[PDB]
Amino acid sequence: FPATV
Amino acid sequence: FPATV
Amino acid sequence: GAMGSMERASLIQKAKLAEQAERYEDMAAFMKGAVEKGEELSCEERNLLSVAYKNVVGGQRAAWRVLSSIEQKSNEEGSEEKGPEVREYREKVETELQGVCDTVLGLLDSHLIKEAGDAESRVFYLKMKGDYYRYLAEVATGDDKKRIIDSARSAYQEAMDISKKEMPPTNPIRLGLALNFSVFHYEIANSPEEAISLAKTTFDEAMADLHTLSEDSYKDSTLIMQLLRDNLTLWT
Amino acid sequence: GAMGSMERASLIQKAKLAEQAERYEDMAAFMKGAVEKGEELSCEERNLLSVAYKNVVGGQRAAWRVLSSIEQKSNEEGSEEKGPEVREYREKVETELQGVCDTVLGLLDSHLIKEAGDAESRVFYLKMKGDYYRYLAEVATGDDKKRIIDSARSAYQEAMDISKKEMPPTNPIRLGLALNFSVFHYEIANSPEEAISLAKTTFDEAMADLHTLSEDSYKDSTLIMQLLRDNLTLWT
Ligand SMILES: [Ca+2]
Ligand SMILES: [Ca+2]
Ligand SMILES: [Ca+2]
Ligand SMILES: [Ca+2]
Ligand SMILES: [Ca+2]
Ligand SMILES: [Ca+2]
Ligand SMILES: [Cl-]
Ligand SMILES: [Cl-]
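Chains as they are written, first to last, in the authors' numbering: chain B, 591 to 595; chain B', 591 to 595; chain A, -4 to 231; chain A', -4 to 231. A prime marks a further copy of an entry chain.
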């Protein structure tokens, strides 16, 4: 999964 | 802490 | 509200303790209570709110994905019938997840967004609105899926418009908004080219402004820039 | 009971799904529902019950320790007064922990222990009784602390007596009982020499019986033997 903040 | 199961 | 009798300052203090103890459900309940006092949140308090709910919903999302994968395998050809239990339990987790998202969206709508006049706060809250609609979109399959996706898009877009007008290209909130909206494009909106273009443009415009920053600000901005680069590497 | 309308087999199936999803609170609730159906548990089902509650109470114990350490530091000389919040929140976590322990002890008393006639099941349940009294002892400070400690001791002792008569010295349940009772001696009963003697004797008697075992049984027994050795290394 891609990075989120 | 010591090991327990 | 359950926390109606506790002082605002005590709720904030206990949220910080809950964080230290990795008690994120408690942390979220304390921060919900703090929001419901009706006063605006500080910068630190916004972070606490975010951290609490991110951890709660993050655990739910991970569980949902595990269960969804099991359910998908059960519906493959030659898979033995095991009854309604997988679907039922996936549905249970899904409903709990949706409830958390609805709680967060409710706090934003009553009344965090409307009282937020400074760019940093308004962008922070609109980003969160986009994020929690995004989480709802991840599990949506019915006749409201398109509307949920559009609700996420609309919140992110309003946040983007404010951020570009009012914040420097290295601002951490602006960067994190772009990171997440880029992920929305890739994972939710079936727009990988838009995702890639946004991440690249964001990265490059931040790079060009780093020279203005102190050591401490530089650290913050470059951390998020590396997340943009990580996603770009994943996608290209 | 909340799970009264769900089939026993469905509760077991969902406990296994909850385990895969790392949803241990759900797992515990499913297994409580299964126990409350009134039938004896299988070997596999005993493991599920154990795993669920061990993970739930383990998280509570970790949180309690964090909060207790903060509280201890607040009561040091020259530490600034921060009000009742640390104590209150430690008390909240403590009460929740005690509630989980009381739930487990209640399942054992109604009616798992009394219906358990085979050595493996009876020892398993009495070990669990000792464990959950031990967790209550960890947080006890009042006029019942001695009685809680003695309740743990008594359960462990009955389990030990059965295990020595009825099970080989390599049996995993027997080994795990000895491991935990040894920890009780060291950490709860202020008897480190008894702790060390028990761990050593257990280890040595298991070593001498390994030659009787298949590869698979050998793996199980040697894993727990290594935990005994680890504790011995910590204590000597
Ligand atoms: Ca007040
Ligand atoms: Ca649903
Ligand atoms: Ca292209
Ligand atoms: Ca039935
Ligand atoms: Ca107490
Ligand atoms: Ca000695
Ligand atoms: Cl369910
Ligand atoms: Cl509290």
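Derived from the structure by calculation, the hints contain no laboratory data.
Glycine residues also receive a C-beta, built at the ideal position from the N, C-alpha and C atoms.
Treat the hints loosely; a few may be bogus.
[Stated by the list, open to error] Pairs of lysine-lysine residues, derived as DSSO-like cross-links and limited to a Cα-Cα distance of at most 30 angstroms, are as follows:
id, chain 1, residue 1, chain 2, residue 2
1, A', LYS140, A', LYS68
2, A, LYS11, A', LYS49
3, A', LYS68, A', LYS11
4, A', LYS11, A', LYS140
5, A, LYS49, A', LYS11
6, A', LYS140, A, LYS87
[Unchecked claim] Here are some of the chain A residues that sit facing chain B, going by a computed Cβ distance under 10 angstroms:
id, residue
7, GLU89
8, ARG129
9, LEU131
10, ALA135
11, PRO167
12, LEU172
13, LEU208
14, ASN226
| Is the interface hint for A/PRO167 satisfied, with its Cβ closer than 10 angstroms to some Cβ of chain B? | OK, holds: A/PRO167 within 10 angstroms of chain B, min 9 angstroms.
| field | Hinted pair A'/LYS11 and A'/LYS140, Cα distance within 30 angstroms | value | Violated, at about 36 angstroms.
| request: Please verify that hint: A/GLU89, Cβ, nearest Cβ of chain B, below 10 angstroms or not. | output: violated (18 angstroms)
| task | Would you mind confirming whether the straight-line C-alpha gap from A'/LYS140 to A'/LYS68 stays at or under 30 angstroms? | result | The hint holds at about 23 angstroms.
| said: Does A/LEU131 hold up as a contact with chain B if the rule is Cβ-Cβ below 10 angstroms? | reply: Constraint on A/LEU131 not satisfied, violated at 15 angstroms.
| Quick one, are A'/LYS68 and A'/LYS11 close enough, alpha carbons at most 30 angstroms? | violated (41 angstroms)
| task | Answer holds if the nearest beta-carbon of chain B is closer than 10 angstroms to that of A/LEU172; otherwise answer violated. | result | For A/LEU172, the interface hint holds, since the closest Cβ of chain B sits about 9 angstroms away, which is under 10 angstroms.
| query | Going straight from one Cα to the other, do A'/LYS140 and A/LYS87 come out at no more than 30 angstroms? | reply | Roughly 40 angstroms separates the two Cα atoms, so the pair is violated.
| task | Let me know if the C-beta of A/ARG129 comes in closer than 10 angstroms to any C-beta of chain B, holds or violated. | result | holds (9 angstroms)
| message | Check the hint pairing A/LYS49 with A'/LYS11 against an upper bound of 30 angstroms on the C-alpha distance. | response | Holds. A/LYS49 to A'/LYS11 sits at ~26 angstroms (cutoff 30 angstroms).
| request: Mind checking the CB of A/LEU208 against every CB in chain B and telling me if the closest is under 10 angstroms? | output: violated (18 angstroms)
| said: Tell me if the straight-line CA distance from A/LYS11 to A'/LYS49 falls inside 30 angstroms. | reply: holds (26 angstroms)
This entry does not satisfy hints 3, 4, 6, 7, 9, 10, 13, going by the numbered hints stated previously.
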